[PDB]
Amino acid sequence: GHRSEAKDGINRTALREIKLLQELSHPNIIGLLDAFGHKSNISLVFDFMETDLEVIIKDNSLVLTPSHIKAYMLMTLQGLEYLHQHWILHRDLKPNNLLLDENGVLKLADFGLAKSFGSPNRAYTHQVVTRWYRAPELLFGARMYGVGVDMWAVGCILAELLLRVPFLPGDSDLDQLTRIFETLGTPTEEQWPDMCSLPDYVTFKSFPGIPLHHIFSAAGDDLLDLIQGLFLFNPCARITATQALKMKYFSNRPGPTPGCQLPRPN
């Protein structure tokens, strides 16, 4: 781990967006329309989007029906499934980075933290993903991880869809861990066996947690089943984007709202 600025030339974060989005093409992933520079400065141009998921969540006048939420989750997981099949982690999923065009098409956007994964010879930064959406293995300092770092954030986005409020708003890395454990319970070794081996692992008081059906009173069994799989503590057992799309929640009767019928913020 190293770098700097001002004498390193072109911003490495912008190079991440260029090098990755130049290899990807999917309806639910933002498209790079133009890139240009001048004297180690660089500028990127993307598809013109109308709004993002955060303003939709914050719009008190906007009513989120079960069909609306299913459509947002479907498009998010479809773009994320494409990402993971090309061995790329987004590592910054949040409502800010889920943009919607004028036709109700959701696209993953900020790839400044995205990175390829799957290689055993590469070490990975654990200080990724915005704190409120960061998986516990990252808070425990994991330098080798997988798709769970995205799926945990997807669970926090779905929880913010249902609650219209940040699910786990930690003030610090330790406060984020307390909120995770006092809300979902503290994992035992049977639920996360090698958890103690993580570089920045810290032992917490055993909290029982709040039952999911109490946290999400408006969710049915199929939706509760999906949420539970996204928040499994074991990062190897936590469901993948493909597994999430194959769950009964997405194929059940309420169905997803078409893109042209999704609500448009005020």
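Superpose the two forms; the largest set of C-alphas matching within 1.5 Å is the rigid core. Positions refer to the first chain, counted from 1. Compared with the form deposited in another entry:
- Of the residues checked (154, 142, 168, 114), the rigid-core alignment between these two forms shows a Cα shift of at least 2 Å for 114 alone.
- With a cut-off of 2 Å and the rigid core superposed, residue 54 has a Cα displacement that falls short of the cut-off between these two forms.
- Once you line up the core between these two forms, the Cα of residue 88 stays within less than 2 Å of where it was.
- Relative to the superposed core, residue 74 undergoes a C-alpha shift smaller than 2 Å between these two forms.
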Contents of the next structure:
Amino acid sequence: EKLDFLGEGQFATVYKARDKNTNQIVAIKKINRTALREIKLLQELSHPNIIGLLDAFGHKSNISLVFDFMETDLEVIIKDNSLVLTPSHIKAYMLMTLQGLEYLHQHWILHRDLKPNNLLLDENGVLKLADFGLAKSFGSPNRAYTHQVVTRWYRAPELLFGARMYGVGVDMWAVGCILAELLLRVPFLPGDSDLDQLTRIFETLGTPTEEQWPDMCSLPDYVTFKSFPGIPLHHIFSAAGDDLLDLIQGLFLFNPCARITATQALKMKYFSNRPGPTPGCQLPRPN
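Switching from the form deposited in one PDB entry: structure of the form deposited in another entry?
Only a single chain is listed, so you will not see partners or other molecules.
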């Protein structure tokens, strides 16, 4: 049962609803084997910080995916919302994202499409991860009708240099970008193009030596960069403490293996150190 239009999305119209009898309030997403597999998986998954797929239904010409409804996403919190202000809140979000991600990884799944608007928050400030992209998005491809800027601003360098093999590091990089967005309140690396995006990565983070990233060059789309010295994280992130700086550190290591994993991240001082995560209805909502 329809109840409201919520927004257009890269690859879906999204509609608030109390689903046929289903009294839970719900968001339906409107748009071939692999896609069916992805649907039944996200479905089979079960984790406090992973979005709930509740049904899919549809006859070839349309698919509709049913997720429990979320107040907002982490973008609207970052975004313009100067009402909202984030300290040590930031710890909570990361705590969740990583746990959410740790689970995903443990379950041999890369969320391949993290960005602030796929880290959703429910009424009670539980952060859940959005559908791992393809689970709609590119899975079943016909694009919506939408405006709104598009966002490759979280691609790891390995994907921008067109690695046709990737892993956890892909997600961990995006998390790094999110953690940045949070602290910076602007997009950390807002590139116009993959190439521009690689520029902003390198002039911010430094150009990686072969010592830092090995195998960096034989990357399919690799093309040579001025050798930028990069800005010391503490100069990018004044707000940041050393413990957090150390997590930003690991998430942005260039070499996808050196790059921190969601578990390893989680075990870092940041998440045990003293300004603990804000309990999360203490976690601020936008209007």
